[PDB]
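K.L.:
Letter by letter, the chains look like this.
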Amino acid sequence: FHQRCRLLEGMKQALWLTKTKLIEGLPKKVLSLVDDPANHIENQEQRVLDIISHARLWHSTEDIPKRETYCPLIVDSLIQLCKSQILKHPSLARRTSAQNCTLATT
Amino acid sequence: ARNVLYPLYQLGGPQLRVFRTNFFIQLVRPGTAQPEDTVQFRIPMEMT
Amino acid sequence: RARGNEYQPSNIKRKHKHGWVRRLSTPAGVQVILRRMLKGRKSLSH
Amino acid sequence: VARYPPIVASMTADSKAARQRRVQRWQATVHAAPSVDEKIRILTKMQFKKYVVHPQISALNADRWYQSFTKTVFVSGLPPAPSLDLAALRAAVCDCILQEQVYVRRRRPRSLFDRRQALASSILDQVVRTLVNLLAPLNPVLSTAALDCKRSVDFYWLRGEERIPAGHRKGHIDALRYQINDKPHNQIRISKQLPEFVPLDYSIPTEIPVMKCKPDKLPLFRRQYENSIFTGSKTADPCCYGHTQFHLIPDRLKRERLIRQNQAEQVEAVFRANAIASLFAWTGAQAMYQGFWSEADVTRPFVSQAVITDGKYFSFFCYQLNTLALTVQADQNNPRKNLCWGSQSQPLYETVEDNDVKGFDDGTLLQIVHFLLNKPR
RNA sequence: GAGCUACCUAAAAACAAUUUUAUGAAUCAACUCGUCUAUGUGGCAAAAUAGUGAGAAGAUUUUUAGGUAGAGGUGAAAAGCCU
RNA sequence: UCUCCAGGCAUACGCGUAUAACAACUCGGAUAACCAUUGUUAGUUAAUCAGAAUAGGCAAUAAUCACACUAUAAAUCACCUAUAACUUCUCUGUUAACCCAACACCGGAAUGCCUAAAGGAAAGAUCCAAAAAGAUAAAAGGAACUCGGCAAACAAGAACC
Ligand SMILES: [Mg+2]
Ligand SMILES: [Mg+2]
Ligand SMILES: [Mg+2]
Ligand SMILES: [Mg+2]
Ligand SMILES: [Mg+2]
Ligand SMILES: [Mg+2]
Ligand SMILES: [Mg+2]
Ligand SMILES: [Mg+2]
Ligand SMILES: [Mg+2]
Ligand SMILES: [Mg+2]
Ligand SMILES: [Mg+2]
Ligand SMILES: [Mg+2]
Ligand SMILES: [Mg+2]
Ligand SMILES: [Mg+2]
Ligand SMILES: [Mg+2]
Ligand SMILES: [Mg+2]
Ligand SMILES: [Mg+2]
Ligand SMILES: [Mg+2]
Ligand SMILES: [Mg+2]
Ligand SMILES: [Mg+2]
Ligand SMILES: [Mg+2]
Ligand SMILES: [Mg+2]
Ligand SMILES: [Mg+2]
Numbered sequence: 107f108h109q110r111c112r113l114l115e116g117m118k119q120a121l122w123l124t125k126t127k128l129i130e131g132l133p134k135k136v137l138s139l140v141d142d143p144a145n146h147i148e149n150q151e152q153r154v155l156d157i158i159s160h161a162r163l164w165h166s167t168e169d170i171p172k173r174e175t176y177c178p179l180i181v182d183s184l185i186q187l188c189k190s191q192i193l194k195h196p197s198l199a200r201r202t203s204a205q206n207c208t209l210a211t212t
Numbered sequence: 002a003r004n005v006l007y008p009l010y011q012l013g014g015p016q017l018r019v020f021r022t023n024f025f026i027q028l029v030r031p032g033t034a035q036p037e038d039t040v041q042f043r044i045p046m047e048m049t
Numbered sequence: 047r048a049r050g051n052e053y054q055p056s057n058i059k060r061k062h063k064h065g066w067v068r069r070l071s072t073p074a075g076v077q078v079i080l081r082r083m084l085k086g087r088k089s090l091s092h
Numbered sequence: 041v042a043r044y045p046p047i048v049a050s051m052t053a054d055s056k057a058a059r060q061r062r063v064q065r066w067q068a069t070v071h072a073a074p075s076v077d078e079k080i081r082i083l084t085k086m087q088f089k090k091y092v093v094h095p096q097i098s099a100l101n102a103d104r105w106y107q108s109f110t111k112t113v114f115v116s117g118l119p120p121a129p130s131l132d133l134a135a136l137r138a139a140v141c142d143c144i145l146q147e148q149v150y151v152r153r154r155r156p157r158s159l160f161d162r163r164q165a166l167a168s169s170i171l172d173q174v175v176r177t178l179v180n181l182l183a184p185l186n187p188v189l190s191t192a193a194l195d196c197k198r199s200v201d202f203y204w205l206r207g208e209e210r211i212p213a214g215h216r217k218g219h220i221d222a223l224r225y226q227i228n229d230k231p232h233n234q235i236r237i238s239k240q241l242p243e244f245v246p247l248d249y250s251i252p253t254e255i256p257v258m259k260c261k262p263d264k265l266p267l268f269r270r271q272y273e274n275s276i277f278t279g280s281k282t283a284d285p286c287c288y289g290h291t292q293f294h295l296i297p298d299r300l301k302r303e304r305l306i307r308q309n310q311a312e313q314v315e316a317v318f319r320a321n322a323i324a325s326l327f328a329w330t331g332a333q334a335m336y337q338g339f340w341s342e343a344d345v346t347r348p349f350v351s352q353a354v355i356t357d358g359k360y361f362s363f364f365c366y367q368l369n370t371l372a373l374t375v376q377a378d379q380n381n382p383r384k385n386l387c388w389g390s391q392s393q394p395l396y397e398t399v400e401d402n403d404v405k406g407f408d409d410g411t412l413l414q415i416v417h418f419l420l421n422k423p424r
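Protein chains in written order, with the deposited numbering: chain 5, 107 to 212; chain U, 2 to 49; chain 2, 47 to 92; chain s, 41 to 121, 129 to 424.
Treat the hints as calculated values from the structure; they're not laboratory data.
One or more hints might be untrue.
Every beta carbon over 10 Å from chain 5, so not counted as near; a handful from chain s, in silico [said to hold, decoys possible]:
id: 1; residue: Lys56
id: 2; residue: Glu78
id: 3; residue: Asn101
id: 4; residue: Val151
id: 5; residue: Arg162
id: 6; residue: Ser199
id: 7; residue: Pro262
id: 8; residue: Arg307
id: 9; residue: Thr346
id: 10; residue: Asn380
Cβ pair distances, simulated, as ranges [claimed, not checked]:
id: 11; chain 1: U; residue 1: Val19; chain 2: 2; residue 2: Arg60; range: 48 to 54 Å
id: 12; chain 1: U; residue 1: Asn4; chain 2: 2; residue 2: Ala74; range: 35 to 41 Å
id: 13; chain 1: s; residue 1: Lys259; chain 2: 2; residue 2: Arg82; range: 53 to 59 Å
id: 14; chain 1: U; residue 1: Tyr7; chain 2: s; residue 2: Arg162; range: 31 to 37 Å
id: 15; chain 1: s; residue 1: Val115; chain 2: U; residue 2: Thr22; range: 46 to 52 Å
id: 16; chain 1: s; residue 1: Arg269; chain 2: U; residue 2: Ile26; range: 27 to 33 Å
id: 17; chain 1: s; residue 1: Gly218; chain 2: 5; residue 2: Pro178; range: 50 to 56 Å
id: 18; chain 1: U; residue 1: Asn4; chain 2: s; residue 2: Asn309; range: 50 to 56 Å
id: 19; chain 1: U; residue 1: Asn23; chain 2: s; residue 2: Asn402; range: 54 to 60 Å
id: 20; chain 1: 5; residue 1: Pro178; chain 2: s; residue 2: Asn402; range: 48 to 54 Å
id: 21; chain 1: s; residue 1: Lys56; chain 2: U; residue 2: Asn4; range: 41 to 47 Å
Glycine is no exception: its CB is placed at the ideal position from the N, C-alpha and C atoms.
Please put together the full structure from these sequences, using the hints given.
P.N.:
This is the structure:
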């Protein structure tokens, strides 16, 4: 199974292959994290909107950017926005990121 | 060298050495204005 | 309309329609070349 | 009580004085445009042949040529003039080098020639991202800044004139058009301008180089296409200023190749040309985003800095823009000139042996940190 | 001999503004065509000019390369077109 | 400097030195000036502009700001598995007022940007005839013109075979 494979049966086939059970919704622990007001970023809504506008319109010189450019850009901007929380939480310095990394199992 | 065959090179071949040179060049006055370092030459059409 | 401008130059068309490789492709074309060689033409083909 | 008509040239006549008045008529439309977008649109809508200036270029002595095209003075050194656990940064930066060079597993490039170049890109992206993250607590502005990867920075300007030498337009006077289209490896844009490095109207005895020949003799070629003034983002973006630019020298221009080509002296010149061209394009584009152009020169010096690396060695540059009045009409009486500061390239580390980086220099890391710690006042 | 023209194949391109039941619809440019008149008639031109007109998101127009050849080809048949 | 006109700059295809300077004043430009002519000498500079390893496995899901939608004419290598190789800049295009029309032809000629900041000059001098061509204005009348309201009009509306 590689990137371009498109399972005909969708998740049901993927659940069978990996021997996993599906629960709708994210874990309650994860959900409760952002309900806390302290996690809320300063000017969160405006910065996210600016990220969307920059990803889709401002970043390029062209009238209408293409998905092969803004799709990577929107995610990279979001991670940087979330990565700014190191001011509140010094622990976030113990994680790092790599790109285009190969994963494999048998 | 011009007007001669070069030995065809294949992986692992020797270096191509031209012991006597067939290329003749002449230094020419620039028609236009050139930087002081630049020098103009007229060279045979087969010279790289 | 005004006539006389039927030549619309294109080097790709010219060499493909009347060139050396085109003439040698068929025996009739080779005989064309032989005739021009016997006359002494400076230009055997385009 | 005699109302004599003003002594001005005809608007419609076929003369030089009449044409100049028609030039002012067009320029007045720019002065009267409220939006910054209209000013740029009016200033760039007409396309003509322009020299294409490459910040990274193999032409000999391109740095001196670039100064003339920009009216930039280059001063060797740094511009005249918080505990941050240097050990912690050293550990993180060393990890960045090891991660890409020794630890990550990826599908290697097919080319077999990009492998070295791709490796240099990977580490520089890692080094920039981590430092902008680790240094954010000390400098809060970096938290709100925008990090760009290989985004386009564009500047278009007129400087000088020439007489057309041939054709139906022989003898006509035409301005020399230049454009810089640049794609810095990384750049940081902030919403507040940095403090100036010297007062506007600052004067030094150093003289900008004068080139006897035309731009062509330095191998430079003209094309006609869209004129663009771009800072890396559109004018609507709040983050309209620049903080730092990171450039990676192409492998073609790296030290070992240059020595073999016998152009040893060009090792430093390659760095300087990239800094002068890239930073003038960025600061000039920032100034025009604020409404300043040749006929409305900047009231505030515009500042930006760049670190230029070949992947191992690093050089640091500071640029201050004082003049957008580079045209013949606007530069006739101008005492101002643009300033660039640069330092010799120094290695950041020597080699990676085993799983430990060897030869890491703290001094170079401080300069990167000091650049990233610059803040608006 | 299909660099013109007829038809076809492949790869491409262009179409503003204004209205509309939303389209081989309407108004009208660019663009394509060529209704009527005058001029021109060894002419600017071996078919044009100047006006006036027709279509103008389509069975539209246009570009590049290829194809079909005279006992033939092509033809929304004018026995029209194939330098 | 003035008066006036309003398709210009690039690329493609094509053309092949018509490019630029000097010197000439035979020929060429349908005349001069000046050169588009003759002779000599020069020119167009690119790693970014432009041109020029192998064997297997495999794909239901348009475009139109692609979201909502609607539609019908049904509409563009990659990725993976193995094998092999394990650091490179040479070559070619680049000038011009240019091409197809026997001509320095009121013709034909694709795309991008822009509409005057770019590009240009309708008058060799004089005269104010007829006829001829084009433009404007018209007392009273208003199709009486003519094969026909052709052409023109301060009109450009209606209707029927
Ligand atoms: Mg003919
Ligand atoms: Mg044709
Ligand atoms: Mg054909
Ligand atoms: Mg339309
Ligand atoms: Mg219609
Ligand atoms: Mg109509
Ligand atoms: Mg109609
Ligand atoms: Mg037909
Ligand atoms: Mg019939
Ligand atoms: Mg009949
Ligand atoms: Mg002379
Ligand atoms: Mg004569
Ligand atoms: Mg000439
Ligand atoms: Mg000559
Ligand atoms: Mg040219
Ligand atoms: Mg003719
Ligand atoms: Mg003009
Ligand atoms: Mg006259
Ligand atoms: Mg009248
Ligand atoms: Mg009357
Ligand atoms: Mg009657
Ligand atoms: Mg009568
Ligand atoms: Mg009539």
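K.L.:
Does each hint hold? Answer for all of them.
P.N.:
Now for the hints, and whether the structure bears them out:
1. For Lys56 (chain s), the non-interface assignment is confirmed: its Cβ lies about 36 Å from the closest Cβ of chain 5, beyond the 10 Å cut-off.
2. No Cβ of chain 5 approaches the Cβ of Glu78 (chain s) within 10 Å, the least distance being about 17 Å, so the stated non-interface status holds.
3. Every C-beta of chain 5 lies more than 10 Å from that of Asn101 (chain s), the closest at about 31 Å, which supports listing it as non-interface.
4. Residue-level check failed: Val151 (chain s) sits 5 Å from the nearest beta carbon of chain 5, not beyond 10 Å.
5. Chain 5 leaves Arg162 (chain s) outside its interface by the beta-carbon criterion, the shortest separation being 14 Å against a cut-off of 10 Å.
6. Chain 5 draws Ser199 (chain s) into its interface by the beta-carbon criterion, the shortest separation being 6 Å against a cut-off of 10 Å.
7. The Cβ of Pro262 (chain s) lies farther than 10 Å from every Cβ of chain 5, with a closest approach of about 25 Å, so its non-interface assignment holds.
8. With 10 Å as the threshold on Cβ separation, the claim that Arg307 (chain s) sits away from chain 5 holds: the shortest Cβ distance comes to roughly 32 Å.
9. At roughly 26 Å, the least C-beta separation between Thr346 (chain s) and chain 5 is larger than 10 Å, which holds for a residue marked as non-interface.
10. The Cβ of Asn380 (chain s) lies farther than 10 Å from every Cβ of chain 5, with a closest approach of about 35 Å, so its non-interface assignment holds.
11. Checking the proposed 48 to 54 Å range against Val19 (chain U) and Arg60 (chain 2) shows it is violated: the Cβ atoms sit about 40 Å from each other.
12. For the hinted restraint 35 to 41 Å between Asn4 (chain U) and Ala74 (chain 2), the CB-CB distance of approximately 38 Å keeps it satisfied.
13. Remark: the range hint 53 to 59 Å for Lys259 (chain s) to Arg82 (chain 2) is upheld by a beta-carbon distance near 57 Å.
14. A hinted range of 31 to 37 Å holds for the C-beta pair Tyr7 (chain U) and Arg162 (chain s), which are about 32 Å apart.
15. Judged by the Cβ atoms, the range 46 to 52 Å given for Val115 (chain s) and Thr22 (chain U) holds: they are separated by roughly 48 Å.
16. For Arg269 (chain s) and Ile26 (chain U), the Cβ-Cβ distance of about 30 Å falls inside the hinted range of 27 to 33 Å, so the restraint holds.
17. A beta carbon spacing of about 52 Å between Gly218 (chain s) and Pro178 (chain 5) agrees with the range 50 to 56 Å that was offered as a hint.
18. Between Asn4 (chain U) and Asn309 (chain s) the Cβ separation comes to about 30 Å, which falls outside the hinted range of 50 to 56 Å.
19. In this structure the supplied range 54 to 60 Å holds for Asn23 (chain U) paired with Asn402 (chain s), their Cβ-Cβ distance being about 56 Å.
20. In this structure, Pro178 (chain 5) and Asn402 (chain s) break the distance hint of 48 to 54 Å, their C-beta atoms being roughly 30 Å apart.
21. Between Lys56 (chain s) and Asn4 (chain U) the Cβ separation comes to about 57 Å, which falls outside the hinted range of 41 to 47 Å.
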